[PDB]
Structures are given as structure tokens and as C-alpha cells.
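> Listed below are the residues making up each chain.
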Amino acid sequence: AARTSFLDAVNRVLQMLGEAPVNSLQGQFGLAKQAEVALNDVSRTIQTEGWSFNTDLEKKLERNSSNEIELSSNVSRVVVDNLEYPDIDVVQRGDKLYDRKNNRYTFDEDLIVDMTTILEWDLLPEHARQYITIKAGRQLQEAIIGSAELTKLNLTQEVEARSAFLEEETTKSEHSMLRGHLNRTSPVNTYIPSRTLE
Amino acid sequence: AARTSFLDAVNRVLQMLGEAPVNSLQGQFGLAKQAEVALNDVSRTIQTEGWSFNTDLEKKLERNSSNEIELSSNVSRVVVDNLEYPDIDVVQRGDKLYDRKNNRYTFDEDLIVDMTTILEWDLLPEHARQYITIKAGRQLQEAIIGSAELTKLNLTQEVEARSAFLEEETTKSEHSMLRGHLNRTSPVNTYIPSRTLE
Amino acid sequence: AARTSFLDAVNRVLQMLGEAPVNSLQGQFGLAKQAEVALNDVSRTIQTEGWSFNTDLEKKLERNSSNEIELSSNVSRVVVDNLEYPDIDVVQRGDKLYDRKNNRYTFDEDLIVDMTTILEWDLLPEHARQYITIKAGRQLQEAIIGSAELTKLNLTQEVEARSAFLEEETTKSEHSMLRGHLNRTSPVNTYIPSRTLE
Amino acid sequence: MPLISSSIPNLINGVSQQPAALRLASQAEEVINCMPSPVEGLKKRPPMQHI
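Top line first, the protein sequences correspond to chains v, u, t and A. Here the authors' numbering is used: the first sequence runs in plain steps of one and ends on residue 199. Here the authors' numbering is used: the second sequence runs in plain steps of one and ends on residue 199. Here the authors' numbering is used: the third sequence runs in plain steps of one and ends on residue 199. Here the authors' numbering is used: the fourth sequence runs in plain steps of one and ends on residue 51.
Excised from the complex, chain v in its bound form:
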């Protein structure tokens, strides 16, 4: 029983809309285009927020011959630590970083940043796939049909799916408060006041 595929997700979205399942995706003669665009848009909307499975740490960026930083096509957000660079303030603009404080598009040295990428469908994990599918189906039905009872049922299912996805994310990636900013290499032992008293 392998992981969910794109065709299975499209079939689930159509079924939640209330139509008959479709055979394939290629050269379809049905709603495959609408299902595909809905799934892609919801995937992008979920990914652009930034989670633990699509974020890189302390990645180096290299400038071009004109001292200008150009991002890739699928870079959603770029964060620069303030304390490390007290004289430079950057904000993403289109596909180039912008030196907000000095009002320049040029830099003096390479940077160490942490960026969030948007991933293709094939590379997503299972819980992300589930949440994406359910949210896309709800959005498509709400925009297309607009009935009442179907909207209620989709609302309940979406709430349950969001709860499950958030719980899975947090138990996988073990967020903590003592460690503080994650860019610091872990000095924490998280010793357990619940065990060693005997």
C-alpha cells in the first residue's frame, strides 16, 4: 500500500465534489483540469507559509557579476538574522533581495540565510498530502456548487484534517522553548524531572 498519488488525490477531490471518478489525468474529457488547478493552488498556499519539511538552514547565497542576489523561481521567503548583520536590512522583492536600509540593490559580500522552497507533488510527505487533498476539495466544492449540506460536511472534514496534520507536524519536529532560536547548535539536554528521583 504505497503513498497517495496525484491521480488518487484527483479522484478523491472529484468524489468529495460529488461526481463520478475519472480514469486518468492525460487527455481527460472531464473536470480533470479544474481538479488539477485546485490541488496545485492549495498546495502552493499551504507551502508558502513555511514548515519543518521545506526549510533549509544556514544556506549560502552567491552574487552575480554585478553584486546582485537573484533567487530561484520557487523561493517563497528569505530570512536574514538581524544580529549577524547589524548594518544591512533585506526584504524579498520579486526575485531579488532589496537592501532596505541603504536603498540599494547591490551588496558587499555573500550572505548566510535560511530560505523556504515550494516543493513538487511527488516530494511531499503523507500528512501534507492528506491535508492538501482535503483542503483543495473543500475549496473547489465551495467555489463551484455553493450548496449548504455539502459545505457543512466539508467544513467538518477539513477541521478534522487540520487537527491531524498539525499534530503530526509537531510530534515529528519536536518544537521547544528552552532551545530558543534554532540557528544555535543545540546546547540543551532537556533533562527529565519525571524520571531520575529514585
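Bear in mind the hints are in silico, worked out from the structure with no lab data behind them. For each residue, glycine too, the CB sits at the ideal point set by N, CA and C. Careful: at least some of the hints might be erroneous.
Not close to chain v: a few residues of chain u, all C-beta gaps over 12 Å, as computed [what the hints assert, rightly or not]:
hint : residue
1    : 35
2    : 106
3    : 181
From the structure, some residues in chain u lie toward chain t, with a derived Cβ separation under 7 Å [stated by the list, open to error]:
hint : residue
4    : 77
5    : 81
6    : 94
Got chain v; can you put chains u, t and A on it based on the hints?
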């Protein structure tokens, strides 16, 4: 999956309205032009507030021969520092500044102001694009059809989108209360009270 | 993307009303006259209250050959400080100032007053333009059609616009309580307790 | 916004040239090679044989 483009945003607005998708954007024969107009209007409405990605600090402004300050066609707001300029306070009027204390349109030297610019669709970051898309879709649907339950649903989606956008902005920019007004260079270490106790 | 113009404002008002957008303003064959009169009336109603972008400080007034103070025709209100002049109580009456305490229309010397002016549409800033447009649209629809759901939608939109306009005004005008009456030149430093404890 | 529906009872009323705002909604617009009958509705026309 790249960042949202103009054609994708137009198709999304049309789909939210509930009408068939379009093929391109040039030489079309539908409501795509009205969707474009609504997108531009909502973009202007959102950008005229002043956020992290479209504000330039410490910017220096230059005067013309007749001792006047002229602004570009896409400048939304300017702020001068009261502490830095005690005897002169300015308020924007059209494309020129007015020294409201001295009742003159003429200044004596140059100014160092904070400037907010209205940007084109290309330079906008992802979260701003998403918020703009959803808001424009809701407004256009209300203007065209005029339902109430549809407005309720779009209000729910807009509230969720605004929450996501605000969370993204406050995670990106890293605002603070200790630092005070940001025109002063950061002397704060924000030394962590939590970890370094072992 | 320049600022909003009169034609865009009337198009927005008509769109809020629910009609088809109109092309021009001159020699129109639609609701252009009603939309224009609503926009002008709402602009005057908003401007007569007195804000930070249309007020002149310590302006000097000059009497005529008969010791009469004649105002311009677009002067909304005139305020004279009581402490400075302890023997005259002046109130506006039509276009000339009246001495309430002494029951005379004649003065003895020129005055230093704070007066408010009504600005034309061209000179207004962006937030004022936005708020004026939305309020005028709501008023016209309410007085012309009078339906229910349209009224509630316009109510929600107007509430949001008012919130945005007020916030923009306050952050642009940095009102304070320690400074006291703004007529005095700033002796304040607003020494922040947030910063200098290290 | 009520999301509401109707139905077309019969398809056996042929072609009309009137403007769309004055017709019975039953009436069609273009009919070719159909044999509308009241015993089985709309169907493809019978074939033509050779002698």
C-alpha cells in the same frame, strides 16, 4: 511550482466568481479585463498602508530649481522625524509637500524622509499576492452578482487569508517593543533569559 | 500605478451601486451627475471636521479698510487661542468674524489664527481619497436604491475603510499627550523606558 | 442566493425561429436527423435502405 503569476491570479478570481477559465490574457473576449482592473484596485488599496516590503528608510529627497519637493506618480505617504526637524513639519498634498507651520510650498535645504512606494504586480511577494487575489475576488463577486451567503463564505476565506498574511509578515520582519522607533540603529542584543542558565 | 483619479472614483461608486461602469465624465449619458454630486458632498462633509492634512498653524489675517476681517469662501472653521487674547471672543459668522464679547464687527489689530481649508479633489492624499470614495458610494446607494443586503454589505465595507483611514491618519500625524497644545514648539524628548537600561 | 433547479419535461417540440425570450423553454433551436415521437421521446432517425 513557481510563485503565483498574473494569469493564474486572473483565472483564480474568475473561478471564485464561478465562471469558466480563460486561456490567455491578451486579446481575450471576456471579463478578464474587469478582473485585471479589480486586481489593480485592490493592490493599490492594500499597498497604500505601508508594510515591511515597500517602505524605504533614511531616503534622501532632492529639490528642483524653484525650491520645491516633487514626488513620483506612485508615492503614497511620507513621514518626517519631528525630533530631527523641530521648526518644520510637512504634510503630503498631491505630488508636492506643504510646510504647514510656515504656510509655504518652498523649503530651504533637502530632507531625509521615510518613503512608501506602490509597487507593480511583478515585485510583490507571495503572501501579498495571495491576500490581494482573495480580496479582489471577493470584492468583484459582490460587485457583479450581489449575494449574501456568498459574501459570508468569502468573508470567512478572507479572514483566514489575512491571518496567514499577518503571521507571515510578523515572522519575516521580526518587530520588537524594546527597540523603540526603528530609525535608531539597533543597540539591543535581545539577550535570551531562557537558555543560558546551565 | 498612479493614485486614484476622479474617473476611477466615479467608476467605483457606480460599481458599488451595481450599475455598469461609465466611460467619461464630460457629456455623459448616465448617473455621472448623481455620482459626482455625491462624491463632492461627502468630500465636503469629511473635510469640514478638520484633520492634520488641511490645517494651517499660526496663520496671519489682515483687516480691510473698515477694520473688518473677511475670510475666503473655502474656510471651514477658525480657532483663536483664548489665552493669547483675553479680551475678544471671536466666532465665525458667514464669511466675516464676529466679536461675541463686545457685540461688534470691527477689530483693533490683526490676529494670529488657526484655520482649516477645504481642499480640491486633486490635492487630497490617498487615504482621504479612499475613505471619501467608499463613504460616497454607501450614501448614494442607501439614498437611491434602499435594499437590505446591499446596505449591509456597504456597511461592512465602510466600517473597514473607516478603521483603515483612522489608523493611517494617527500613524502619519503622531499625536501625543505630553506635548500639550500643538501651538507650542516641541520641548519634548519622549525618553523611552524601553531602550536605555543596558 | 438560493441554489435551485428545474427540469425540462419533454424534448418533442421541434425547432422555432422566435427570439429566446418568447419561446416555450421546451422548444429547441436546431434539429437534424432526429425523429421525435411521443412513444419513446427523442431518437436517431431510421436508416435508409437500398433496393
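> What are the numbers of the hints the structure violates, in ascending order?
5
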